[PDB]
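Just the one chain here, laid out as structure tokens, in the form deposited in one PDB entry.
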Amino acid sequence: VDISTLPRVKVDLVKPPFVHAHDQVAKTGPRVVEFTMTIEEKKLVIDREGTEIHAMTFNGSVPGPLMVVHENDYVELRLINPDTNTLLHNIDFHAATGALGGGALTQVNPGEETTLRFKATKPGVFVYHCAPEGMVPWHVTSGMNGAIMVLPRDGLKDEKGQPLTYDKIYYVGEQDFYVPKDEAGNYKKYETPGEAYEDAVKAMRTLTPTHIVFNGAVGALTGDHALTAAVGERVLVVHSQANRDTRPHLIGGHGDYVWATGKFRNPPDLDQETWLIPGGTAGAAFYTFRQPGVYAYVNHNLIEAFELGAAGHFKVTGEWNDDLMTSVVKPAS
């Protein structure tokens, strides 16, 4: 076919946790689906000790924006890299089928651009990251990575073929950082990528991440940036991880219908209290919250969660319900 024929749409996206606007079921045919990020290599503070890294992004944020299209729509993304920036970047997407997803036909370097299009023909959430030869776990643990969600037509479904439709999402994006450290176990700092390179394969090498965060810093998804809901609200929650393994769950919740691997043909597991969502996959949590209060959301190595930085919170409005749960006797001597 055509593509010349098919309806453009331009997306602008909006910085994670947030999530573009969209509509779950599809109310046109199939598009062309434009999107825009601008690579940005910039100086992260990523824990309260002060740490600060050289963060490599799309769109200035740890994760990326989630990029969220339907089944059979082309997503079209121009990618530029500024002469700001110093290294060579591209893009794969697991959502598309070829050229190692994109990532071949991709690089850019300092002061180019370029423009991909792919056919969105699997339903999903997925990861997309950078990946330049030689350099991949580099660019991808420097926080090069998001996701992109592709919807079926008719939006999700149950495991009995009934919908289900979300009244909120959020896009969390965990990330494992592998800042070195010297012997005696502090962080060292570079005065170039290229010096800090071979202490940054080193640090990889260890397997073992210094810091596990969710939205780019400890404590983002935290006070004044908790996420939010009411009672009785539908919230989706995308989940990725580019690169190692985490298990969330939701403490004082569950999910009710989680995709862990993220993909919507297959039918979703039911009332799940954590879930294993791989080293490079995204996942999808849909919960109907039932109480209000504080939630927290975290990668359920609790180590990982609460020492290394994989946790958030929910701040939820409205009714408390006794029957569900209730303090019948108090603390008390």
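Residue numbers count along the first chain shown, from 1. Between two forms, the rigid core is defined as the largest C-alpha subset superposing within 1.5 Å. First, how it differs from the form deposited in another entry.
- After superposition on the rigid core, the C-alpha displacement between the two forms reaches 2 Å or more for just one residue among 136, 204, 169, 196, namely 196.
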The other form holds:
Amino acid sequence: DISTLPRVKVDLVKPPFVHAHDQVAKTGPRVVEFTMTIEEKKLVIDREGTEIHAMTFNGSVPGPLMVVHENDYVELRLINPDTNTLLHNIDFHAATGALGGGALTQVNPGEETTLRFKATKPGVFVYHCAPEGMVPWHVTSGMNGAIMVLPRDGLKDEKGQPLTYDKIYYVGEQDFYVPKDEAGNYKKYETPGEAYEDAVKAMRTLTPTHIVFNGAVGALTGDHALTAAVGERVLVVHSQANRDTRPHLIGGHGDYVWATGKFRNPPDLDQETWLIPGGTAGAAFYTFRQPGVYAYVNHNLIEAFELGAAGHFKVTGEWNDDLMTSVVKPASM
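Condition change, the form deposited in one PDB entry to the form deposited in another entry:
Lone chain follows.
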């Protein structure tokens, strides 16, 4: 009887940070209550000032990472304020039935709904908007995020021993299809419905104009670089709701990788690069061994360094010359 279970309210935080949670469940099954408010907003996605109408869950691209344990219930209050202009809904790939919830959560501006589902399968999963006849348009406008369903006993390695992360980050990777004039210039629009009328043609090229982490070129750099210390164990959750990606930590590895995101499977070990299919979340565990700057990319390096799918870590601590050293620094002899 679900009414006899504990209810716990969670306040979500902005990616790439993740709300506070316990890896090992410290209670029995609960009803975990989340509220997300839909926001349509203009977003500047590149250094050039290119502007799109973003369709967001909770004001961000990606939407926030939700975290529960296996056989908890997710209870989502989804709010579509009348300041928005479109009909939206939500499909959880973690959920079973009703198109992942999409059939039950269609909210017009001025409406709200509350969906409950049982998180029966452990892993990281995409969630995304999916309105009939407008699915790729909403998704590729940024209206996607992810949910992590932890095993009740936390994460385990390929031999059944614990893997405990010290830090967790959520990297949402977004393909955008910004329409262009005949010369190749990106268009801007006053409303989402104006933007929509060039969108299907732009999408049908299957060629993104931009591919970004955390909603913009350079978003996970500078004052917003990801951080760690030598010795720290970091889980990087990575989603792509519409298009394949191939994450890579430049100067590191994925020590343990669930490339298709599902924790009942043993992780792949020692990955350089892994394929997260479009429509999937994956997760990589790494223990930092060297200080300094790292880049974290989609390893189609064009997509990374030209189209925006690149962020940075800044890592503190002790350089290990056994692991790597410059024997003779660059010089002319």
